[PDB]
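Number of protein chains: 2
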Amino acid sequence: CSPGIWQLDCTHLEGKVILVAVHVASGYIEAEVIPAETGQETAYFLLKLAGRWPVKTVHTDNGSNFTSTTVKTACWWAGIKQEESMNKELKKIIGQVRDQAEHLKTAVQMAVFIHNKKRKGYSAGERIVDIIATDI
Amino acid sequence: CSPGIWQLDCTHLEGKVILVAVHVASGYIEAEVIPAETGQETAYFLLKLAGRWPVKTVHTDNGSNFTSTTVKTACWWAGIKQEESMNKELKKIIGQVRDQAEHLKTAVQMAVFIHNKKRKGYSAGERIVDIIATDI
Ligand SMILES: Cn1c([C@H](OC(C)(C)C)C(=O)O)c(-c2ccc3c(c2)CCCO3)c2ccccc21
Ligand SMILES: Cn1c([C@H](OC(C)(C)C)C(=O)O)c(-c2ccc3c(c2)CCCO3)c2ccccc21
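Those protein sequence lines, which keep their order, are chains A and A'. A prime marks a further copy of an entry chain.
As numbered in the entry's author numbering, residues 56 to 138, 152 to 188, 193 to 208 make up the first sequence, in order.
As numbered in the entry's author numbering, residues 56 to 138, 152 to 188, 193 to 208 make up the second sequence, in order.
Hints listed in this document are in silico derivations from the structure and should not be mistaken for laboratory results.
Any given hint could be a false lead.
Same chains, same names: a pair is fine if it fits in one copy or spans any two.
Taking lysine to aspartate or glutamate and the DMTMM-like style, the derived pairs with C-alpha atoms no more than 25 Å apart in a straight line are [to be verified]:
hint	residue 1	residue 2
1	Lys185	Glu138
2	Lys127	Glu170
3	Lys127	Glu87
4	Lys136	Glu170
5	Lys188	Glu69
6	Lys127	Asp167
7	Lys173	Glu96
8	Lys188	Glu92
9	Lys188	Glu170
10	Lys156	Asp116
Generate coordinates for the entire structure from the input sequences, incorporating the hints supplied.
Have a look at this one:
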């Protein structure tokens, strides 16, 4: 898969929203707990993601996610164009480590840590950096 | 500089706090607007950062930043150990693009985008991925 392709969806838990971004070629995840599945949060998140990685295209399982003017604006400024078990495993790990933390967001980040680091023989963390580097 | 060394400080603007993390070998930045210079925010931020990069050691210009139990806990779980003009330039870019955005945090992320991407002949975005990849 092209190095700059990302997938973006929301899953819910404890009545809070989790924005989940996956680098499709590597399986590396960036996640964030947001209070509201609003376009403002998706725009802001896209801005951070594009700042830290080469984000060329973004796919989603809910196209209406990318429809507000706020989201379209972020995509415009950042040069972003429109176009799994990752979410299932992530929710598995969240479940496993949820007791170890008071807040859901702490567990969410713990699960991102585990997922990105556990070697599957590189780990998603290693594969993404490898891919993007090679592409340079 | 060792590939896994990071620097972490807070600067203030419009009466809000900006957590700024710099990968010392590359100059790549991750920033976030937080409401309160509290240890809970530093812990949470460290968790995200360690999830997405190899974070071995963290230096700061304010050691008391790393003193609360919440911060020490995040460092423990993540395997993190304790140990510029980057902040000045970042504040420059924020200033330049501040008018283009309602919220300070939107401008902060815009400035991170510019900084990470502008080639200085790679850009900080390219140098960090190169370094960490080579180190693999
Ligand atoms: C509230 N709280 C938390 C944690 O929330 C924040 C990180 C946002 C502060 C939470 O929801 O349980 C921590 C804590 C910090 C680090 C950390 C972990 C928990 C779990 C494993 C990974 O590393 C913590 C520590 C001392 C007092 C209070 C705390
Ligand atoms: C409030 N607001 C913002 C923006 O705040 C959020 C991103 C958090 C929603 C803000 O503070 O000005 C945007 C916006 C979205 C993208 C974007 C930019 C501004 C500037 C350049 C980079 O790309 C936006 C668009 C339509 C309506 C309302 C908006």
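We went through each hint and held it up to the structure:
1. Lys185 with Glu138: Between copies only: 23 Å across, 28 Å inside.
2. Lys127 with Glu170: Only across copies: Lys127 and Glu170 sit 16 Å apart there, 35 Å inside one copy, limit 25 Å.
3. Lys127 with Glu87: both (20 Å within a copy, 22 Å between copies)
4. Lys136 with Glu170: between (38 Å within a copy, 24 Å between copies)
5. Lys188 with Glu69: For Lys188 and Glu69, the Cα distance exceeds 25 Å both inside one copy (29 Å) and across copies (45 Å).
6. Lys127 with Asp167: between (38 Å within a copy, 19 Å between copies)
7. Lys173 with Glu96: Both. Shortest intra-copy (15 Å) and inter-copy (12 Å) distances satisfy the 25 Å Cα cut-off.
8. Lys188 with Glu92: The answer is neither: 31 Å in one copy and 37 Å across copies each exceed 25 Å.
9. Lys188 with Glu170: neither (29 Å within a copy, 43 Å between copies)
10. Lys156 with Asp116: within (14 Å within a copy, 41 Å between copies)
The structure does not agree with the numbered hints 5, 8, 9 stated previously, though it agrees with the rest.
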